[PDB]
Amino acid sequence: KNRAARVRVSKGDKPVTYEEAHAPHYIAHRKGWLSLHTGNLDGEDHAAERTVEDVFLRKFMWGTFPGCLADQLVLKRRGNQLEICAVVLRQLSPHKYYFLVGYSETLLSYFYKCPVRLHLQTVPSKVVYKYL
Amino acid sequence: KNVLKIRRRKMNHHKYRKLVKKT
Amino acid sequence: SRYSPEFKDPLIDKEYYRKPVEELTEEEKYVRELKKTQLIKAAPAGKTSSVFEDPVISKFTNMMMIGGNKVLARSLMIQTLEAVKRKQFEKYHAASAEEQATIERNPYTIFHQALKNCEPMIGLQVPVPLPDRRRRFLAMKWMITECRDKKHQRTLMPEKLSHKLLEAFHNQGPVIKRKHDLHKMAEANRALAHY
Amino acid sequence: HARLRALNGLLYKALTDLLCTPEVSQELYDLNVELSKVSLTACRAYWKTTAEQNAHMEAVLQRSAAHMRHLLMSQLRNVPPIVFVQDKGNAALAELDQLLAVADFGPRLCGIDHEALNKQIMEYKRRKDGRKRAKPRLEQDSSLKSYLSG
Amino acid sequence: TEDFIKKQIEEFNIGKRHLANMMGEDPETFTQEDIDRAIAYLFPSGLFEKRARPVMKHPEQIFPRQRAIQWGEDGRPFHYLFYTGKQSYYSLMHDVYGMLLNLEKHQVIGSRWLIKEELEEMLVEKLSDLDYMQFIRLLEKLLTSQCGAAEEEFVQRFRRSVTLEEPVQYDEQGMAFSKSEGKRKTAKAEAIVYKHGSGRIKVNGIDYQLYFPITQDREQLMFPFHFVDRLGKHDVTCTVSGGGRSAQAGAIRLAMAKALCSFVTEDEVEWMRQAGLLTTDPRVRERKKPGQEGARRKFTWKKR
Amino acid sequence: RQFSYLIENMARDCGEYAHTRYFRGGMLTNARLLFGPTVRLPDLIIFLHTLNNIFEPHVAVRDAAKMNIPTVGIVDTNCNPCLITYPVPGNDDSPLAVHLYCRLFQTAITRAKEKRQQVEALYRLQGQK
RNA sequence: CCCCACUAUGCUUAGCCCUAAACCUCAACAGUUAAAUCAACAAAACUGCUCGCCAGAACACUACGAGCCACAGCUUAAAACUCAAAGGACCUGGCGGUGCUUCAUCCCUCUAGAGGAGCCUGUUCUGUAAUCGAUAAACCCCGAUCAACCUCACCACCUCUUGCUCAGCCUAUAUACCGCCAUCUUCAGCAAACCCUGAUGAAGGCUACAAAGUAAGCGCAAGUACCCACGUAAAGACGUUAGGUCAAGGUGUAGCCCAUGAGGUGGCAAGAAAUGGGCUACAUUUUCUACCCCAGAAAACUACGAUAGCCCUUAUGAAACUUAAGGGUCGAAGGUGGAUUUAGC
Ligand SMILES: [Mg+2]
Ligand SMILES: [Mg+2]
Ligand SMILES: [Mg+2]
Ligand SMILES: [Mg+2]
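Protein chains in written order, with the entry's author numbering: chain C, 36 to 167; chain 3, 128 to 150; chain F, 35 to 158, 169 to 239; chain a, 90 to 130, 135 to 143, 146 to 170, 173 to 205, 236 to 256, 278 to 298; chain G, 70 to 176, 194 to 251, 258 to 396; chain B, 149 to 277.
Rather than coming from a laboratory, the hints here were simulated on the basis of the structure. A virtual CB, placed ideally from N, CA and C, is assigned to each residue, including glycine. One should not assume that every hint holds.
Claimed, not checked - Quick list of in silico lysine-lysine cross-link-like pairs, DSBU-like style, CA-CA up to 35 Å:
{"id": "1", "chain 1": "F", "residue 1": "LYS93", "chain 2": "G", "residue 2": "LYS119"}
{"id": "2", "chain 1": "C", "residue 1": "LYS148", "chain 2": "C", "residue 2": "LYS49"}
{"id": "3", "chain 1": "C", "residue 1": "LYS111", "chain 2": "C", "residue 2": "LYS66"}
{"id": "4", "chain 1": "F", "residue 1": "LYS75", "chain 2": "G", "residue 2": "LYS119"}
{"id": "5", "chain 1": "G", "residue 1": "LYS271", "chain 2": "F", "residue 2": "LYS81"}
{"id": "6", "chain 1": "C", "residue 1": "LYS49", "chain 2": "G", "residue 2": "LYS380"}
{"id": "7", "chain 1": "F", "residue 1": "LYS150", "chain 2": "F", "residue 2": "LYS119"}
{"id": "8", "chain 1": "G", "residue 1": "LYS119", "chain 2": "F", "residue 2": "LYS104"}
{"id": "9", "chain 1": "C", "residue 1": "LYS165", "chain 2": "G", "residue 2": "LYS85"}
{"id": "10", "chain 1": "a", "residue 1": "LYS293", "chain 2": "3", "residue 2": "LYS132"}
Unchecked claim - Derived DEER-like restraints, expressed as beta-carbon distance ranges:
{"id": "11", "chain 1": "F", "residue 1": "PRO175", "chain 2": "a", "residue 2": "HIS90", "range": "32 to 42 Å"}
{"id": "12", "chain 1": "F", "residue 1": "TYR126", "chain 2": "G", "residue 2": "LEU250", "range": "53 to 63 Å"}
{"id": "13", "chain 1": "B", "residue 1": "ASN228", "chain 2": "G", "residue 2": "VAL124", "range": "49 to 59 Å"}
{"id": "14", "chain 1": "G", "residue 1": "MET219", "chain 2": "a", "residue 2": "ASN187", "range": "54 to 64 Å"}
{"id": "15", "chain 1": "C", "residue 1": "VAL163", "chain 2": "G", "residue 2": "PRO133", "range": "36 to 46 Å"}
{"id": "16", "chain 1": "G", "residue 1": "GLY167", "chain 2": "B", "residue 2": "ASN228", "range": "30 to 40 Å"}
{"id": "17", "chain 1": "B", "residue 1": "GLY184", "chain 2": "C", "residue 2": "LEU69", "range": "52 to 62 Å"}
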């Protein structure tokens, strides 16, 4: 039985977002990629470096906003820009959110030598696409 | 129904007749 | 199959389409009207409308084909037909006037008659009747297998096949012997037909 | 199933009655055909076979099948078409004998694999050279203890 | 709920006005097609599932037509067959039966019956296979009966069009000809057949007998003209590319047949179609699957 | 099935509801699941035929007794009137009798609705003055 | 058990014996069909009255006593020791050398193979100082989309001890797991939430001219990818085999810490074999050359047939008899291969 990235139904009560609900064979069919960069195109280069950067960015953002993230990040790259679009729960006071945004933007910009922007969209609670 | 009681009676009677024949 | 079940097999026969409307029955008229609305498969690369096309010979060539080498199988078949025709012409010219009437020079008629002679009416174990398609397939396969036998050394396939076809056309040869052996075995096992 | 069995029996009886009476057909009455079996799915009829007379009987039955179905519709009115099957014992034998007459013949131990075991023994020579089961109904359950605890 | 649908309709109207503003078009004449084009441009999505792409349709279409509760504030259901649980299906059956009764009182080619999913979408009600079969039987009994215009319209609501499937040009010298294209496996051919000719075929600028040494390919070329008895009466210039000898022969055969259809009679065209000379052959090479020797051959199951 | 069309048409004309098709299991005992908890069960069920097609009592009679819905019913000599709240002994197979029952029930329901409208209008008019 | 012959015996007469699944397994008589009809099954449920009988199983159609025309007999009929059950009816499952019906690639039919030969590779065994894992289908060109050193986890020898790491371990446990999958699956069902039936017992819930099942969820389906609507992919739930992986990585538990950690040099890797898969063949539908299908030669001891061996170059590399390519040399086994077996629409 295939097990990759699938959320197996247990009782009909566990909530899953849109991305968690869909299985890998639905990528590019019912769900887009969580990272968009020209690395994997024909003839382009530095795919490995972009992949490592994306993995580190996801880990760093997950560990920097503990429990704040309501979904996976979206890492867009335009030129040397780097936009991290995130969906965050409305738990913390906005002061902490702004502090973390400034911190993460400056630290990532100095760590990857590229202008990193962080766009946060807040939701009252984790969006439930269905229950499993 | 089963014949377990009948079978036990039959075995008892067979053993008794065998004992009578022996002695 | 890439063809949906709605698709129907094509009918390549010019006489069928040039037939006058008056001769058509009401049932045939309905068949034509139905075919006017049915999706038809593409004509296979094998069969055409050529007056020289022979489905028996085409099937024999396909059976002779090894590894999709249709060109070589067709070459062998046409060489066999040419060899049969040349041998029959030699016999015709070497024969007297009376015998020339009996000698047959049509390679296609000779081939069909030889295959018809090689067809076994009975088959097997319990002897059983054989349908027409099985009979034709058995005849063709027996002919091809006998011609492919190692008993003939350094003789090319056209010569061997022509020799066997001429033997069969005279109700002789190892293929007719094999048919007779099958008939005799079926006769012997007739006692088991109750199974 | 049993209803279909009774229907088959009724069809057999009706066909036998039609065969026996002379009113259905003088030909059929003179034939005196007897049925071995009748089975409904269409209806298959199997009659005992006596060659020339057998062929005549089959031909007359095939000719009169439509009239027999029409007469059966008078009774069980919704009667499926009746198929008569000639029972030449094993019909394969009869057809085979017919073809064989037609056809042309032309001119006239220990129960073991001792070898495998011997090979294995030679290979070996060369290489050299209960408990208690608790009852299901007696198994303890601590759910009530947990519920009473809190 | 119904109030929710009203709010969604108002939101959709406001959004339609805003989108018309964004695209710089008249809000009063911004059709649904313009909305779809604008959404596709502003929110591009390469997802293959069209239902997964962004959509800003009317709430009547986005929301399921099952509607809110089928009863008012008093709780009385609107439809008199509500308690059947299938009020749409049984209302439709009742109307069809009334039509049949009225027909009793008074007294195939380009369409098929909609599938059960289509009927379910029509009535926004779940239906069983036997229910669909019963409805189809009733509809077909209606059709077989002497149905009038109203009954024909009623049936056409369930009729679905069946998917059943030539120019003549003049060159610079006034030679009337027809041009067509054909494909077979990977070979692609373009053929030009002139109205008047003396049976000369030039393939890639080369005569066919010198371009197709195999007799089978020449027989394939002969097949279309021989079927219509027009051998030696037409001149053909055709160019083929790709594939092998037989694929090229088949592609040229299809292209020639399609082009020649412009000259023969309509009955001859139908005969050619029935002979299979016009159907593009979908038999193409099947991909090899992983873990298998070929397209269908599995690896040799290891001896046990 | 003989009177299904007539009964449905009469129910639609009188403003009430009809169920002449295969009575699915739990259309009354499980109505909350099959329609949503806000559904309103019928306040009166009228059986023009209390037997199903296998001559057993209609399951709707037992279900309505379970849900405490009164049942008016036309009981024939072979029917079982035990659980029917208001049995009406009479022929249920003759088309004339079924037509008479349908006419009587339609007329009673229509008269009741018209009288309700008239009384409501009169009360509202008098209360204002 | 079958066949044949034949006796007691079945028959008659007169006595005796007094048994049975002697069973409608329903005591006789009278009454009732109203309540609750009623544990279940059998055979609708009871009431009045009387006689007979029973009081856990087994010991026990027994022992003893008594009676009898009975003498290996029948009737009546215990107790001791022992057990925590014995038993009646039914339900579900398993099973039936179980009935019937209908199926599939189960068999035959078709094509090409394997099973015979050489070689490649994998496994197993032996050997060695010298990995591990997979290992019936579902291991066996498997982890590897790849080992001369490295890789490497193996071995021998040598060296280091806060070490690349706020250490480390490819040390034990896949029978603690995550992660990723195999298998049925070339499936269509599964699990919740209700509803109903059986007197509210275990359990059961289907009829389409429908008779208690069902609104949702998962899967099939649908949709999508490829060239269509077909096909192939993909998908394929729950569950089965404590299936595979602690050696992808992570991790529970347990263990090692001057060593089960870390580093360096050097090394295996052979065949007496068995077996799995593959390649090349045994040729004439072939071989060589031209050509890419209208040719010429070859065609059995100078044929077909090695991607093998031997030798010499070359490519890569620091390192090549190791690997690969090429040339030379050799022209071997083999002559279409048994049961059996693989694959295909
Ligand atoms: Mg005993
Ligand atoms: Mg009645
Ligand atoms: Mg008796
Ligand atoms: Mg008594």
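- Query: Which of the stated hints cannot be reconciled with the structure, identified by number in ascending sequence?
  - Reply: 1, 2, 6, 8, 10, 14, 15 and 17
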